[PDB]
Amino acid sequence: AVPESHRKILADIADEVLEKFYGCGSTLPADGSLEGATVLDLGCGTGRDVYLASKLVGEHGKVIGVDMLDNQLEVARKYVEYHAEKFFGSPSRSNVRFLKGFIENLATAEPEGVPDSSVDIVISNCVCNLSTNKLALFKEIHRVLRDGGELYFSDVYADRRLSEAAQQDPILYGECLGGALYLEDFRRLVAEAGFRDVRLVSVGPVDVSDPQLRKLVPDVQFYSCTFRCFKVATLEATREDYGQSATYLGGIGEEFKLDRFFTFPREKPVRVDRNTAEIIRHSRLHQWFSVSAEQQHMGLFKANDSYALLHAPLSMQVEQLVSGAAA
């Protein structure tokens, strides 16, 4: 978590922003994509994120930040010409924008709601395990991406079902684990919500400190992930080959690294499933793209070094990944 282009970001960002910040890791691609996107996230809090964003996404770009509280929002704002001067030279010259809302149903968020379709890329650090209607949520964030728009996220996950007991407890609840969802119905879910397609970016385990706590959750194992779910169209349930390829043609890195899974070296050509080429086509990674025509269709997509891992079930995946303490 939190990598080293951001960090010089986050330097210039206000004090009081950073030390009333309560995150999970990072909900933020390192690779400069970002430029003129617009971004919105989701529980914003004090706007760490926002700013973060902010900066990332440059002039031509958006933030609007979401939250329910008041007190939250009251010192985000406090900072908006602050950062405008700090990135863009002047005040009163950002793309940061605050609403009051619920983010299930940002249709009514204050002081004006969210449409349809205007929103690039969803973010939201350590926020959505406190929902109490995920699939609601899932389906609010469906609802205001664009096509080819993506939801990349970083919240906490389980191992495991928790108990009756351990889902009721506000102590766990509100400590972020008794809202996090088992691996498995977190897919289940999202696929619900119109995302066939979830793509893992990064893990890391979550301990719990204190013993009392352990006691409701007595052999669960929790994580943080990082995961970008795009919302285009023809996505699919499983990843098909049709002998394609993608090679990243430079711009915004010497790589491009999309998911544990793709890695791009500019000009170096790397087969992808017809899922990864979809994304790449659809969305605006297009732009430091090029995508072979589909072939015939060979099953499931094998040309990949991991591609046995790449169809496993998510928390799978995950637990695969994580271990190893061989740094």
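Between two forms, the rigid core is the largest collection of C-alphas that superpose within 1.5 Å. Numbering follows the first chain given and starts at 1. First, how it differs from the form deposited without S-adenosylmethionine.
Summarising the superposition on the core between the two forms, the listed residues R188, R161, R77, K100 contain exactly one with a Cα shift of 2 Å or larger, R77. Comparing the forms between the two forms, the C-alpha position of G251 differs by less than 2 angstroms, with the core used for superposition. After superposing the rigid core, the Cα of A308 is displaced by less than 2 Å between the two forms.
Fitting the two forms on the rigid core leaves the C-alpha of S26 displaced by at least 2 angstroms between the two forms.
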Contents of the next structure:
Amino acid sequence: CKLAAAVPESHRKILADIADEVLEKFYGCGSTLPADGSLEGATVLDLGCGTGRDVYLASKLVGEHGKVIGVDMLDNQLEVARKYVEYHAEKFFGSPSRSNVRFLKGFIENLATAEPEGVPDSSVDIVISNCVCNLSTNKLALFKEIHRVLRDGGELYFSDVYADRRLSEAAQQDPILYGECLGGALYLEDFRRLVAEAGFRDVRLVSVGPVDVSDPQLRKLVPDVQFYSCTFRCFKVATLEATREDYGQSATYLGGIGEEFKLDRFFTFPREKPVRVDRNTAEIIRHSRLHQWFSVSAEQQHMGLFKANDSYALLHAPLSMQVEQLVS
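Requested next: the structure of the form deposited without S-adenosylmethionine (the form solved in complex with S-adenosylmethionine having been shown above).
What comes next is one chain alone, with no partners or other molecules.
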């Protein structure tokens, strides 16, 4: 894209250490990552890993007890990725033998058939990806395969392009819109239903930017469409509901991975201050790796829909309204 955020400062130093060939030949924008602290020990899977820029960056961040996997179908890019494993094993962990990464060859719509080896069920803590869905050959299958490899408490933490309305047939056939990742973009409500059908019942908005289509020829195919670049997190947690219910709970961020913990655009947790939370958010904290840095109170009796948030109306509103209101 031309939609890549600044590189986080905490990442600059690690990027200064990654093999220049991996950087020079890397296709696309950086897969955005959850707060660095939260990655310690995680198993992370990068969908469309290319030359491994983000796989190698996460290798350092997850530490020798964590694991990174990259999957791609581009022979050429994987060849580069595969030959720099030892390089980075010593760069990060003082010995060519001590790599915590591997690179697999496969369509991202089927992680089980990848080579050398497939990704087993319930094996991954964080799946990351940037701008891979709209060129995807089947989005439902891709979301299903994601849910499959995620462990309980795991998450999809990813960035993609979405639209605020359903693109016409003509727009979805156009080759230049398609290769720009616009033509295959989902209307956001349609995205929410599709991901729910794959198993992810609660889509959390992390950040959103505008995407412009200024070329008057293309614009004509999508006259009044607003596109967005959205980062979302979708947790795999067995007890989540479709709605955000109040069970009287509080969560308290204990510290240790930053001054504060920003879970999504609705919930910010300052160090050692209790914040009132709906039960889906409690359950996300309790069942995910985030449990390690939090204290979460017990569920009381149901109190109705969650309203203890200064943006509760937007919290319950369709995703479309959350995105459009939070760009502005």
